[PDB]
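There are 2 protein chains.
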Amino acid sequence: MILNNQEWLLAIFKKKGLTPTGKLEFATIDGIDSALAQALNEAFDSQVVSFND
Amino acid sequence: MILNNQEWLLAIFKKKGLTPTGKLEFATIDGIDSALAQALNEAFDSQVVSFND
Numbered sequence: 001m002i003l004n005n006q007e008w009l010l011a012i013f014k015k016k017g018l019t020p021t022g023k024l025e026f027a028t029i030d031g032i033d034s035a036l037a038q039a040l041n042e043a044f045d046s047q048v049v050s051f052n053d
Numbered sequence: 001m002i003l004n005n006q007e008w009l010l011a012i013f014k015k016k017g018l019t020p021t022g023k024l025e026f027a028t029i030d031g032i033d034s035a036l037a038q039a040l041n042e043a044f045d046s047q048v049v050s051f052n053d
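Going line by line, the protein sequences match chains A and B. Residues in the first sequence are numbered consecutively from 1, following the authors' numbering. Residues in the second sequence are numbered consecutively from 1, following the authors' numbering.
Hints may contain errors.
To be verified - With a cut-off of at most 20 Å between alpha-carbon atoms, the simulated SDA-like pairs for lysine to any residue come out as follows:
hint, chain 1, residue 1, chain 2, residue 2
1, B, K23, A, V48
2, B, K23, A, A11
3, B, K23, A, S50
4, B, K23, A, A39
5, B, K23, A, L40
6, B, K23, A, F51
7, B, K23, A, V49
8, B, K23, A, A43
9, B, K23, A, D45
10, B, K23, A, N41
11, B, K23, A, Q47
12, B, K23, A, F44
13, B, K23, A, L3
14, B, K23, A, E42
Stated by the list, open to error - Restraint ranges, calculated between C-beta atoms of paired labels, are given here:
hint, chain 1, residue 1, chain 2, residue 2, range
15, B, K23, A, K16, 26 to 36 Å
16, B, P20, A, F13, 49 to 59 Å
17, B, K23, A, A27, 35 to 45 Å
18, B, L18, A, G31, 34 to 44 Å
19, A, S50, B, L40, 27 to 37 Å
20, B, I12, A, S50, 35 to 45 Å
21, B, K15, A, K14, 54 to 64 Å
What the hints contain is simulated information worked out from the structure, not anything from laboratory work. For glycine and all other residues, C-beta sits at the position ideal for the given N, C-alpha and C.
Put together the whole structure using the sequences plus the hints.
Structural data, given as structure tokens:
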């Protein structure tokens with residue numbers, strides 16, 4: 001109990017503050033085409049034909 | 001009564017479990033055309049003409 005006169009000192013915490021800058025960064029829509037092209041192939045996979053004709 | 005200490009053994013059953021594989025098989029829409037072509041013929045069947053003209 002840190003008591004001086006009629007006031008107490010209870011706790012001291014540590015805080016983290018964030019200050020922004022003007023810079024910005026964004027992703028590109030170019031990879032979505034390749035992602036869709038690769039994803040389409042899984043439809044034809046896992047398919048079998050038991051009897052040849 | 002199969003009783004050991006304070007434990008009763010009541011019954012034992014056998015159970016069957018299914019574990020999947022990625023393979024798939026599906027039917028074709030090719031035969032539906034032939035089925036419809038054959039089905040259309042029953043409209044003209046069972047029809048008669050009493051008097052020739």
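Note to self: Hinted pair, alpha-carbon criterion (20 Å max): B:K23, A:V48. Please report holds or violated.
What the structure shows: holds (6 Å)
Next item on the list: Could you grab the alpha-carbon distance between B:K23 and A:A39 and see if it respects the 20 Å cut-off?
Entry: Since the Cα atoms of B:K23 and A:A39 sit roughly 18 Å apart, the hinted pair holds (cutoff 20 Å).
Check: Taken at face value, is the distance from the CA of A:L40 to the CA of B:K23 at most 20 Å?
Finding: Status holds; Cα separation ~17 Å.
Checklist line | Hint consistency between B:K23 and A:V49 [alpha-carbon to alpha-carbon, up to 20 Å] | finding: holds (10 Å)
Margin query: The hint says 54 to 64 Å between B:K15 and A:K14; measuring C-beta to C-beta, is that right?
Written below: holds (58 Å)
Margin query: A range of 35 to 45 Å was offered for this pair. Does it hold for the Cβ distance of B:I12 and A:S50?
Written below: Given a distance of about 38 Å, which is inside 35 to 45 Å, the answer is holds.
Check: Given the hint that B:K23 pairs with A:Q47, does the C-alpha gap stay at or below 20 Å?
Finding: Holds, because 6 Å separates the two Cα atoms, which is no more than 20 Å.
Item checked: 27 to 37 Å as the expected CB spacing between B:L40 and A:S50, which holds or is violated -> Since the Cβ atoms of A:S50 and B:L40 sit about 32 Å apart, the hinted range of 27 to 37 Å holds.
Next item on the list: Sort out whether A:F44 lies within 20 Å of B:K23, counting only the CA atoms.
Entry: Given pair B:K23, A:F44 holds - Cα atoms ~11 Å apart, limit 20 Å.
Check: How does the Cβ-Cβ distance of B:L18 and A:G31 compare with 34 to 44 Å: does it lie in that range?
Finding: holds (39 Å)
Check: Are B:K23 and A:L3 close enough, with their CA atoms no more than 20 Å apart?
Finding: violated (76 Å)
Note to self: Given the hinted pair B:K23 and A:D45, is their Cα-Cα distance within 20 Å?
What the structure shows: OK: B:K23 and A:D45 at ~9 Å, within 20 Å.
When each numbered hint is compared with the structure, violations occur for hints 2, 13, 15.
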